[PDB]
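The chain that follows stands alone, in the form deposited without ligand KBU, written as structure tokens.
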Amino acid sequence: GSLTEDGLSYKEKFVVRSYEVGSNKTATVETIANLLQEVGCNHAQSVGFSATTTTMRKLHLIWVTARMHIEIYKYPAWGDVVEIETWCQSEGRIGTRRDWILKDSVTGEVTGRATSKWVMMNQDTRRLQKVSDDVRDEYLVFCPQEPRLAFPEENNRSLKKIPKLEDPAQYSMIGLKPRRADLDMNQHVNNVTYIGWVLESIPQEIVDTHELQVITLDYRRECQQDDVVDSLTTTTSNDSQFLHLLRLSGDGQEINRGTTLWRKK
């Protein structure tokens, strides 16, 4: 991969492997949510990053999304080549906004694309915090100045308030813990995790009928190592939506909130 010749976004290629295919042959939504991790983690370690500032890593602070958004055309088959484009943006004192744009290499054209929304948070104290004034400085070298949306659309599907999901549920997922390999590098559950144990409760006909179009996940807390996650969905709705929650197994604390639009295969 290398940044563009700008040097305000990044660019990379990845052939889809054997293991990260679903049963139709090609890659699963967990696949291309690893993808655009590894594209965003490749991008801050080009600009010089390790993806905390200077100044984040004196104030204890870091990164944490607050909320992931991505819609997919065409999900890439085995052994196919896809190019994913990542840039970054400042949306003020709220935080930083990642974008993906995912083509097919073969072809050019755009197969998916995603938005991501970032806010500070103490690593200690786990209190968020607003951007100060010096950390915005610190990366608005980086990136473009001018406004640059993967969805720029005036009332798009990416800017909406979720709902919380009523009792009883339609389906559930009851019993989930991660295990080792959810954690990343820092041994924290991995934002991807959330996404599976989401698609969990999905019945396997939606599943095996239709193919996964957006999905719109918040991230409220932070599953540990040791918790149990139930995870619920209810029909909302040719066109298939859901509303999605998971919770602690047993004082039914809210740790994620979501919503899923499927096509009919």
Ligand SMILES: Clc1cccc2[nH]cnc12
Given for the second form:
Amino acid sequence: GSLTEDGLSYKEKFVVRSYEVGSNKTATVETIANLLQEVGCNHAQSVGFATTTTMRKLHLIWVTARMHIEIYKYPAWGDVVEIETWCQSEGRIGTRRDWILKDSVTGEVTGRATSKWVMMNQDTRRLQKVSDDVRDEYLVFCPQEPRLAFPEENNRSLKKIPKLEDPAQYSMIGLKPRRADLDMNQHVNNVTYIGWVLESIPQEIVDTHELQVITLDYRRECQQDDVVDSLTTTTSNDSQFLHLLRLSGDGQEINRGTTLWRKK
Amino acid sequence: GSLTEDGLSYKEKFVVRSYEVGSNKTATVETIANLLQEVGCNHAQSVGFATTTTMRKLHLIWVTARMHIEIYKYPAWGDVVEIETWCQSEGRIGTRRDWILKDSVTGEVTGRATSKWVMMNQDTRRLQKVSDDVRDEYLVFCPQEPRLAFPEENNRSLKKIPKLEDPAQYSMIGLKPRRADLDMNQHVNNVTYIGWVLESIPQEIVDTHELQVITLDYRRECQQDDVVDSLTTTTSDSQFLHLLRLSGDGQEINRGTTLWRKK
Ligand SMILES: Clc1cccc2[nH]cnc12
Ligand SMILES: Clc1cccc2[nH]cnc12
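Can you swap the form deposited without ligand KBU for the form solved in complex with ligand KBU?
Up next: the whole complex, starting with the chain shown before.
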């Protein structure tokens, strides 16, 4: 992978692996999400990081608040996908990382994603607005003119997500993370929550439809010793669902989301 | 990746990814196992396949009976690992696939693995000795002189594994596969069973030791709707005996052993 000529974005190519594909012999949305994470990490590494000198001193970290992915064509096993990523501040609220996925051969856009990140103290887990000293350290690595993966006016990435009310139409109960679900800091990988959301989609949908859009809000972290219930209700040729992940016991919310599926 | 000059083995390089590493910032044994599977698949693709024309007509498939992996150094995040793989028949019993892992920069061997595969009818799940017409179709893609990743006679890869007796010293119960654990044919990926075996190793061991050897026998498949219990007892460097079995009736799906060395 490499930073582009202007040094304000990063591009990397990936060959889709045999264990990365589903029943259609195309990459799953979890493989795509893992590739977005990888290109994000390689981008931070290329520019010197993803915490700054001031963030490490203050025990501050970036945490995902929302992930929004739209896939037009999932890459097939053996195909090469090219992914371009960049960051931009949104004032003191936080930062946005965007991605564009392309077919390496045709140059056609096959997907796009956006994520909203907030600053949080690693120890107290208390959120905070981005300081000016921290903001200044990041500004030189972001484009100054707005560059959005989702420029559209009434676009899906910014829609508010309601809370699913019991009884859910479908559920998957007792989901727990294993060591493979953890990252290098022993925290549950963000992509695991996407998998858990999709566990409560009925098999018939997975067999007849393809996942087009997924928007996920992250409210609370699942600890290594927590157990999760995944709930889904149909809200709708296109099927739409409302999703809720909550702790098995008291029902504390960890995530909420929506998916849009189109007939194959 | 590419077939080597003689066309009898296959080599491919991999850059270790951020989500592929554990707390030591080095690749997990499940990432290694996924990479072995990937290089095996690319090898079959490069030579025309993973079944032959005759196997497809008779509804026959290759299935793993045993996996044995030995890692000396796990590759760090961002490092390049080179893996070479080849196959060899073992008479009509089945076939063996071997692998050698190397540090791309130093050329030093960092790991090795061997697996034993048997032929099975995919519908009836009945085992079968290979035959002659099927054997002949494969022979031209294998070396003729023996080439073993574990040459030593009566080495760790060939040791018989006993059945763990209750009560187990440690256990992880209620393990179930999710869609990410399935392969392209909707069967549980073989690497998932490695993860499930390791779930019952105590955290203290994972924190103070590194996994050096893992041998796993595959007796029965976990179906998409099955629930598994992972059992472990210390038999000792630390060594453990492992058993995976269905949550209800306790039908055995896998047995194995691990060897761990102090960090
Ligand atoms: Cl990791 C990284 C690379 C470039 C720009 C960034 N802004 C916030 N984090 C960034
Ligand atoms: Cl897939 C594959 C490649 C080369 C040799 C083989 N023998 C059995 N299967 C093989």
